[PDB]
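Q: Read off the chains here:
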Amino acid sequence: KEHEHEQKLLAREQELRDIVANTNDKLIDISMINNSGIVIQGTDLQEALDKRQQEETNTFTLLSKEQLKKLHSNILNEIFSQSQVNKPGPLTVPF
Amino acid sequence: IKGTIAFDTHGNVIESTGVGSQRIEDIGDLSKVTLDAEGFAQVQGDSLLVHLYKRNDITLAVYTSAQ
Amino acid sequence: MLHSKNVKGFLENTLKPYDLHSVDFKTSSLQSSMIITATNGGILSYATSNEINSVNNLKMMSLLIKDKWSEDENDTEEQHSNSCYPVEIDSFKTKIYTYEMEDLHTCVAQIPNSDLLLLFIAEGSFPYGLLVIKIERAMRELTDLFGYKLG
Amino acid sequence: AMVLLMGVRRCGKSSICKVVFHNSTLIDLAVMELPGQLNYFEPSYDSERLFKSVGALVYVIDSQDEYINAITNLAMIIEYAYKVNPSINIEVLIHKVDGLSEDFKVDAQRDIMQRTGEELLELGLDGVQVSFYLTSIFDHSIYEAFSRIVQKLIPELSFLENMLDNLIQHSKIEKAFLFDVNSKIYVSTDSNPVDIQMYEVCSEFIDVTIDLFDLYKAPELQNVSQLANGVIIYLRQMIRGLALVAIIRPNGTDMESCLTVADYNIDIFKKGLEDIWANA
Ligand SMILES: Nc1nc2c(ncn2[C@@H]2O[C@H](COP(=O)(O)OP(=O)(O)O)[C@@H](O)[C@H]2O)c(=O)[nH]1
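Protein chains in written order, with the authors' numbering: chain R, 45 to 100, 138 to 144, 153 to 184; chain U, 9 to 75; chain Y, 3 to 52, 62 to 162; chain c, 10 to 32, 53 to 248, 268 to 328.
Note that these hints are calculated values from the structure, not bench results.
Hints are supplied without guarantee of correctness; some may be wrong.
[To be verified] Pairwise CB distance ranges, derived in the manner of DEER restraints: (1) Y:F103 - c:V237: 41 to 49 angstroms; (2) R:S75 - c:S76: 56 to 64 angstroms; (3) R:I82 - Y:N52: 21 to 29 angstroms; (4) c:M303 - R:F169: 39 to 47 angstroms; (5) c:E77 - R:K70: 42 to 50 angstroms; (6) R:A55 - Y:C95: 55 to 63 angstroms; (7) Y:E62 - c:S116: 41 to 49 angstroms; (8) R:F169 - c:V279: 47 to 55 angstroms; (9) c:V237 - Y:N52: 47 to 55 angstroms; (10) Y:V98 - U:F48: 21 to 29 angstroms; (11) c:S24 - Y:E62: 20 to 28 angstroms; (12) Y:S136 - R:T138: 23 to 31 angstroms; (13) Y:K160 - c:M303: 33 to 41 angstroms.
All residues carry an ideal CB built from backbone N, CA and C; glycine is no exception.
Pulled out of the complex, with its shape left as it was, chain R reads as follows:
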């Protein structure tokens, strides 16, 4: 039965070394914070271009006004209306 305990101790040694390696792999230094490179400038068009690059000529040919003029203004107004945020009071209090 002690040989089974020896095998259990070997498995425990492997498990503890795996635990040490796992908790060693998540250590982040300040050099990793300063030079991470994760925070990169991204635009919608560049994100779409990267999506098409990972997934994978002048298509457009040059040839109502009231409806489009109404809908564009209404969409802009509905965008600007929900962005209006009213504070619940003063932000800075005096003495």
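Here the structure of chain R is known, so what remains is to put chains U, Y and c with the ligand in place on it, guided by the hints.
A: This is chains U, Y and c with the ligand only, laid out in the frame that chain R set:
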């Protein structure tokens, strides 16, 4: 009307609806299309008619079926 | 001085999503909305749409965003960048920078003539233009915090 | 891992217990004191299970009184303790050494060691190693002695040493101790030497934490104490009664950035410590 795409002079999407929700990559092309004094334009591509309106430096593109 | 409750309410209100009615276009809420410092990048105030681990991760993300923003604020070359949206409200000039953090859209804007920053983080499906409009209209209502410096 | 305290009457066992454990395997359990007077030991008086249930036997010798008879009694105890169980670690504390010189202390420890070795040679015991610690209540010595005794009864010592060394190497930590909330018996540290002054700083930090928390109760212990030179002292409660106190140096960096990276690293370390059942 099949969908709408709202983007400023930088071309960043403000809204993407309909087929235009999956047709973003043409925006970089559509920045090279001239407009008129009123801002209205009708450009045909991929068997679709795109109506462009530029107001306050924001171009809105509306997709309509050619047929 | 400062008031944490009113700033907390403001940051919670800036987590409100958009529900357009003329065009059926529902948008999710922002992942986080916070106000940080322009010197060390730590969290002054914060708010989440939906505990200690997420707070530490948000502090790390704020530090990373300020670390990326510090070099951008001190660089004058390639100033005509497509991701920069410098707006001037009430004769106060500022620069707004957008960034992609893997699957997250992070928009930061320095509060003009002050040592503070406002940061909005949303999911990858969130449009950048709506974020720019959101942060512009948020900075429009923050006139009381203008000219505030750390002691 | 229950440790048994043994010694002559009026040697100080109760006082040591009161000072340390009053102010399972790893927690400061209710230890067993055993007043052993000079007598003839009864052969196998149902004491085999008792000494088989003791992880490590601790003997207390008063340095003020004569101790040759005490060493003889200790050898008599070891004579059956090692026979019953060949895996018991044997510990001897030379207690009440506050009013002695350094040369006298070293000579007394050498004399005690030589006498114990000669008596064990006479009794024929071989392969036994008895450790000796100069302890006193009025200083840090008893805490360090119990720290070594407890460390001898944790089988995961080297893995905790590696975990703390990796945590220190990646957080600019000067010195990190894994204390227990009671008895101030530090369980693990790094490969750096245990400085006495830093140990006392961390222990009195534990005391300040617990007292200030107990002053305001009835509504996870965390502490950041920053000094004038930027050196910070950090406390975070680990699983069960364990807690982590780290002296971290800024090295001319941002205080809040260092605090954030230390918090993230220590939370990762606690998540790793959750997997191993080192608690309790
Ligand atoms: N000066 C000094 N006196 C000690 C120390 N430890 C114990 N004593 C003395 O020992 C007495 C207590 O012994 P006690 O614990 O009751 O003995 P026990 O009941 O046999 O364990 C006290 O009166 C102390 O004066 C020590 O470290 N320094």
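Q: So, for every hint listed, does it hold in this structure?
A: Results for each hint:
For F103 (chain Y) and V237 (chain c), the Cβ-Cβ distance of about 46 angstroms falls inside the hinted range of 41 to 49 angstroms, so the restraint holds. For the pair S75 (chain R) and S76 (chain c), the beta carbons lie near 60 angstroms from each other, so the given range of 56 to 64 angstroms is met. As the Cβ distance of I82 (chain R) to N52 (chain Y) is approximately 23 angstroms, the hint placing it in 21 to 29 angstroms holds. Checked against the hint of 39 to 47 angstroms, the pair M303 (chain c) and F169 (chain R) passes, with Cβ atoms roughly 41 angstroms apart.
Under the hint 42 to 50 angstroms, the C-beta atoms of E77 (chain c) and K70 (chain R), about 48 angstroms apart, fit the expected range. Taking the beta carbon of each, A55 (chain R) and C95 (chain Y) are about 57 angstroms apart, inside 55 to 63 angstroms as hinted. Separation of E62 (chain Y) from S116 (chain c) is about 45 angstroms and conforms to the stated range, judged on CB atoms against 41 to 49 angstroms. Evaluation of the 47 to 55 angstroms hint for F169 (chain R) and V279 (chain c) yields a pass: the beta carbon distance comes to about 52 angstroms.
Taking the beta carbon of each, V237 (chain c) and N52 (chain Y) are about 37 angstroms apart, not inside 47 to 55 angstroms as hinted. At roughly 27 angstroms, the beta carbons of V98 (chain Y) and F48 (chain U) sit within the given window of 21 to 29 angstroms. Here the CB-CB span from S24 (chain c) to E62 (chain Y) is close to 45 angstroms, at odds with the stated 20 to 28 angstroms. At roughly 28 angstroms, the beta-carbon separation of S136 (chain Y) and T138 (chain R) lies within the given 23 to 31 angstroms, and the hint holds.
For the pair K160 (chain Y) and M303 (chain c), the supplied restraint of 33 to 41 angstroms is violated, since their beta-carbon distance comes to about 18 angstroms.
The earlier numbered hints that this structure contradicts are 9, 11 and 13.
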